[PDB]
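*Asks:* Residue strings, one per chain:
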Amino acid sequence: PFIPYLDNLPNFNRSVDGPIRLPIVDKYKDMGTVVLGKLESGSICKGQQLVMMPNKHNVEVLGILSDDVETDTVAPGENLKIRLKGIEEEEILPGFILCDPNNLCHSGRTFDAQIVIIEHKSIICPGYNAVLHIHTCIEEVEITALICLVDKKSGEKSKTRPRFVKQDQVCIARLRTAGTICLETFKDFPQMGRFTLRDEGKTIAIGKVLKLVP
Amino acid sequence: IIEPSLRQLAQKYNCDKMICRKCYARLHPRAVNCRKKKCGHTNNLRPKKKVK
Amino acid sequence: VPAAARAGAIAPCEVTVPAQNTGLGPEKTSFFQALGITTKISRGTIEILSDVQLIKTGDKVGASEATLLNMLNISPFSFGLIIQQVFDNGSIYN
Amino acid sequence: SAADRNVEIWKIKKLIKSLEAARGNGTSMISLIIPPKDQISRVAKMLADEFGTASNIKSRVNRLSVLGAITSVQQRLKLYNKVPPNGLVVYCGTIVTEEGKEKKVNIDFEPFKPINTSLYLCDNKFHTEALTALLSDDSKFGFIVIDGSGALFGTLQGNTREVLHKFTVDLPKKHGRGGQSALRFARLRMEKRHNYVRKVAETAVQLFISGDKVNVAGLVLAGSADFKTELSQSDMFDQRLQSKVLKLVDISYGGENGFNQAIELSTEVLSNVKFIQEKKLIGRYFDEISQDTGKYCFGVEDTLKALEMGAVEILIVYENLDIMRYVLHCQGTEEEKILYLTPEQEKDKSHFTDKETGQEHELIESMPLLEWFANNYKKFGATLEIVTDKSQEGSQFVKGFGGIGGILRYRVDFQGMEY
Amino acid sequence: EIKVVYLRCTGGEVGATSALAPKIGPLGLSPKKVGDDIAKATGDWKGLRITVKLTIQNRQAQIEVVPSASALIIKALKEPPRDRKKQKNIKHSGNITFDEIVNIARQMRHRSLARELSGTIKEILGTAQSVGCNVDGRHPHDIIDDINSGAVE
Amino acid sequence: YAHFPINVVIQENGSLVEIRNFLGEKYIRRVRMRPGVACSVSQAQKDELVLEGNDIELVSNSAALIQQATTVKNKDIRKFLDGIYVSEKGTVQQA
RNA sequence: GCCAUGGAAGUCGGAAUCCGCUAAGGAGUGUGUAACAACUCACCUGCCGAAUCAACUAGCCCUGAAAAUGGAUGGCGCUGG
Ligand SMILES: [Mg+2]
Ligand SMILES: [Zn+2]
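For the record, the sequence lines run as chains jj, m, s, ii, t and H. According to the deposited numbering, the first sequence holds residues 421 to 634 in order. According to the deposited numbering, the second sequence holds residues 51 to 102 in order. According to the deposited numbering, the third sequence holds residues 107 to 200 in order. According to the deposited numbering, the fourth sequence holds residues 6 to 424 in order. According to the deposited numbering, the fifth sequence holds residues 9 to 161 in order. According to the deposited numbering, the sixth sequence holds residues 96 to 190 in order.
Quick caveat, the hints were computed from the structure, so don't treat them as lab data. One or more hints might be untrue.
[Unchecked claim] Once the Cα atoms are required to be at most 30 Å apart in a straight line, the calculated BS3-like pairs of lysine-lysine come out as:
#: 1; chain 1: ii; residue 1: 342; chain 2: t; residue 2: 31
#: 2; chain 1: s; residue 1: 134; chain 2: m; residue 2: 102
#: 3; chain 1: ii; residue 1: 360; chain 2: ii; residue 2: 384
#: 4; chain 1: m; residue 1: 99; chain 2: ii; residue 2: 383
#: 5; chain 1: t; residue 1: 94; chain 2: t; residue 2: 48
#: 6; chain 1: s; residue 1: 166; chain 2: jj; residue 2: 628
#: 7; chain 1: ii; residue 1: 360; chain 2: t; residue 2: 130
#: 8; chain 1: ii; residue 1: 50; chain 2: ii; residue 2: 83
#: 9; chain 1: m; residue 1: 72; chain 2: jj; residue 2: 622
#: 10; chain 1: H; residue 1: 168; chain 2: H; residue 2: 121
#: 11; chain 1: t; residue 1: 83; chain 2: ii; residue 2: 342
#: 12; chain 1: m; residue 1: 88; chain 2: H; residue 2: 121
#: 13; chain 1: H; residue 1: 174; chain 2: m; residue 2: 72
#: 14; chain 1: jj; residue 1: 586; chain 2: ii; residue 2: 106
#: 15; chain 1: jj; residue 1: 458; chain 2: jj; residue 2: 586
[Claimed, not checked] Taking beta-carbon pairs under 8 Å as the criterion, some of the chain m residues facing chain H (in silico):
#: 16; residue: 51
#: 17; residue: 52
#: 18; residue: 54
#: 19; residue: 64
#: 20; residue: 67
[Stated by the list, open to error] Residues from chain jj that keep clear of chain ii, each with C-beta distances beyond 12 Å, as calculated:
#: 21; residue: 428
#: 22; residue: 455
#: 23; residue: 476
#: 24; residue: 478
#: 25; residue: 507
#: 26; residue: 509
#: 27; residue: 511
#: 28; residue: 536
#: 29; residue: 538
#: 30; residue: 540
#: 31; residue: 562
#: 32; residue: 564
#: 33; residue: 581
#: 34; residue: 584
#: 35; residue: 590
#: 36; residue: 620
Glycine residues also receive a C-beta, built at the ideal position from the N, C-alpha and C atoms.
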């Protein structure tokens, strides 16, 4: 069965101390501001200074319930409750993540990614818009340029620039979000990086985020 | 969904035909005159339009 | 001169289809897998596992079984000129 | 004619941008749009007295421009018999240009349709802004976009899409506070959501109402999870407005792309708009590209060659484009010919040379491509379709594929068909 | 990958329109710089068209001259060389000599693309008639010149 | 057939033919063969009827009976390519 | 293939329309093609063995040919009249 299989299954990435990060899922006010999220990377020793991302505000976390328990310290890879003493309050986004104030996390407007197109289904000409999904973060996004096509099996990328692409062909493409947005690499964090393409009652494509443009 | 042989088979019996301009009748593809008396064995034919 | 293989004429002897790569990208495998030949996707590119003789002595050459000879342009037996009899000044040679 | 009318709409758009661009080095031009009712005698009287006054302004360059411009416009109307019907455009001045050109100028015309301006303007540039306002005739369509994330407000012209305003609200979420509050959480939260609804409602009244009467023609409400329906049925939402509720539209994620999708659901509602006709046509054109039928043709290199051979059902073109054909010409053999060169090979390259003879190869007076299509489209048999580069499909096809292409009469697989 | 290709080029004259990238392009050498290099290597035909072969590899092309039948007859004619345009009303005026046509028949039989003397003079002259010339007379003349006035070894 | 599979069944040792679920129709076609005819489902073939007999006339008429019985009314026949169709005419023992 | 042209490389225009194997093979009927590919055409071997093919013309019949009380080659009827 499923939960016994979890008990017999310890194969899960704990997500261990690195550059401390905390992706913000949602927020509300109950005599302050609590927010939820999985620590994808690093630790956060409650009475300690964080900074958010990409808008960049300094912030101290008031209290946490590790899912359901009051704690001081926490390692990454945990669904955390985090109540803040916010100086910046109302222009925060559900999706802007906290980072270390020194070891900042990259975030960026332009970025490249290897997208595997599932269902646009129309031709994807330069300049289409969707939403870009980065686990807690999520911003509306456009793709400006379309670099090139690539095969699914035995992927040797071509030389010449193609004029268009049809429904299924996989391709390397550049994606510009509307605002500043939390993007990671597949090498640094795939948990931070794997993203979505989105519009109507149609899944556009899976995305594979590679670069973080400053 | 369906084999192209059996498809082209149904094309044979339904779609591959000729029509009389006059009486909108259905004739075999390698015809010269119509069959019907009301039109008068007309030479004026056309091929049935193929569906896309 | 080895000309194209005819999809239709009679067969005197057995026609054969050796195991050899197609020479294309991702294409429709239904022409080969319809008949009964082992064709694998060796990383994108298709590879043939086992050798099987399709046409026997006296059999009509179909378009599908014809297509691989049309791609190779290699006749099993060439179109040609068959000898009947020799004739030397009123003298037959078999 | 109607087709010639649309040619004038684009032709007039292109002419107007020029009249607006011209400039004085340090001087003023007279622009004088005379309306149709007045008498010439009355114009000559009003201006001859204003003339005896303009006789004594102190500056030299401005005074002489006014006084000389008054004499010129009088001479232009001396050419005009009566204040003509349906308006009278006049543009006199002394425009400087590049290359140092102290140029005197006189541009007089009977307008094509009635014009209303009674312009008089001693000014640095000419003004056919009246013409473009007269050309752009369609109502503006507003859009409200709601989401638990954040709002957005945007308008919609025939071709152009605009954004007016957007905002945020910190509406605290469902988990809020457990045990004590959770049971009475949905009730307090629905109140707070409605308060957000009050703020959205206030923005729609601000924008879409005008003295308890809508000034913009249409209003597309939009949201997800039944945000728009509360906005529609709310009592703050105005009754004269409920009379004119054009549509409510659901979206996902909430935003600009969803704003665009809600336009796609609108489509059938904006049937009169060329943007909608474009959305539908380019929707079929992509259906041709998706399918193997091989109707598509693409690029100026192939599409113009395809046009020449024929085969072209729809020729999709951006009304401006600004791409050209370099007409080469000889001395002796008289072989005129057109060449389509890329940005690199067109600007800096040695391909317009006879070389064999040992001369440099010229080209002769070019012509606009769209005006050429309008001149001789009946000859080719191709449906010209006027598109902009603002829209998501028009702007896209414009940037990548040269803002030109076409659905063919028949199949031509280019990957199948070498050459 | 070796590949031979036929090209009715403008000659030493640089042709405006090119048909080189469709056949050559998949292989590798740039088609236009070769088209100019071919016209530059050619030269003396200058204005008139030459069937340039190109044995192409993945990296680069190789050029080989194939003089055409109609081309060799008009060179026997002393023609004005012209540009790609090639003015209208170019009826050839001169006399194609019967010995010159036999030499061109030998050139086409050398490429091994036609028959024994009878056929190769005819193919080169049937294309010459496309040229718009006369071998001091058309073949009706050369039948009488052949009869009792043969230039045969 | 395209989507809906046609459940066929033989009654009276190949004299009669019940044809069910044609286009998902509740009507069912109880087609009667001619005298001196032997219907039979072949083996080693999924969709294959076999009509055997001596008289070609009676055989072929009964074939057309089943063919025109399964006919699509009010529809674009160029698209809806359903129904039984004759494939191979031959003999029981070759010569 | 040359001239046209940008290309007519069989398939806008316009110039071409000679030769080869020959049993016969157009600088080309269509699908499909800017021309090829793919399907396909004129032309001939295999067997076949007497009459065959095209365009016109007039003879009979038929189509073209719908109106109101029930209906009229004079009726019955007539087809080796
Ligand atoms: Mg219907
Ligand atoms: Zn008829």
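*Asks:* The structure should be examined with respect to each hint, and the outcome stated for every one.
*Replies:* Consistency of the hints with the structure:
1. 342(ii) with 31(t): The given pair, whose Cα atoms are some 24 Å apart, holds under the 30 Å limit.
2. 134(s) with 102(m): holds, 22 Å
3. 360(ii) with 384(ii): violated, 37 Å
4. 99(m) with 383(ii): Measuring from Cα to Cα gives roughly 27 Å; hence the hint holds.
5. 94(t) with 48(t): holds, 18 Å
6. 166(s) with 628(jj): Cα-Cα ~52 Å, so violated.
7. 360(ii) with 130(t): Violated - the C-alpha atoms of residue 130(t) and residue 360(ii) are around 37 Å apart, more than 30 Å.
8. 50(ii) with 83(ii): holds, 14 Å
9. 72(m) with 622(jj): Violated, because 49 Å separates the two Cα atoms, which is more than 30 Å.
10. 168(H) with 121(H): Holds. Residue 168(H) to residue 121(H) sits at ~15 Å (cutoff 30 Å).
11. 83(t) with 342(ii): holds, 27 Å
12. 88(m) with 121(H): violated, 39 Å
13. 174(H) with 72(m): Since the Cα atoms of residue 174(H) and residue 72(m) sit roughly 25 Å apart, the hinted pair holds (cutoff 30 Å).
14. 586(jj) with 106(ii): Between residue 586(jj) and residue 106(ii) the Cα gap is close to 53 Å, so the pair fails against 30 Å, i.e. violated.
15. 458(jj) with 586(jj): violated, 37 Å
16. 51: The hint holds - residue 51(m) has a Cβ within 8 Å of chain H, the shortest such distance being about 6 Å.
17. 52: holds, 6 Å
18. 54: This hint is violated: residue 54(m) lies away from chain H, its Cβ roughly 11 Å from the closest one there, beyond 8 Å.
19. 64: Hint holds; residue 64(m) Cβ to chain H Cβ min 5 Å, cut 8 Å.
20. 67: Cβ of residue 67(m) sits 10 Å from chain H, so the hint is violated.
21. 428: Holds: least Cβ distance 32 Å, greater than 12 Å.
22. 455: Since the minimum Cβ distance to chain ii is about 9 Å, residue 455(jj) lies within 12 Å and the statement is violated.
23. 476: The assertion about residue 476(jj) holds, with a minimum of 17 Å to chain ii.
24. 478: holds, 19 Å
25. 507: At roughly 14 Å from the nearest Cβ of chain ii, residue 507(jj) sits farther out than 12 Å, so the non-interface label holds.
26. 509: Check fails; 7 Å does not lie beyond 12 Å.
27. 511: About 6 Å separates residue 511(jj) from the closest Cβ of chain ii, which leaves it inside 12 Å; violated.
28. 536: Given that every Cβ of chain ii is farther than 12 Å from that of residue 536(jj), nearest at about 18 Å, it holds.
29. 538: The assertion about residue 538(jj) holds, with a minimum of 15 Å to chain ii.
30. 540: violated, 9 Å
31. 562: violated, 8 Å
32. 564: violated, 10 Å
33. 581: violated, 10 Å
34. 584: Violated: least Cβ distance 7 Å, not greater than 12 Å.
35. 590: The claim stands: residue 590(jj) keeps its Cβ more than 12 Å from every Cβ of chain ii (closest is about 17 Å).
36. 620: Its Cβ does come within 12 Å of chain ii, the nearest being 5 Å, so this is violated.
Consistency with the previously given hints fails for numbers 3, 6, 7, 9, 12, 14, 15, 18, 20, 22, 26, 27, 30, 31, 32, 33, 34 and 36, ordered from lowest to highest.
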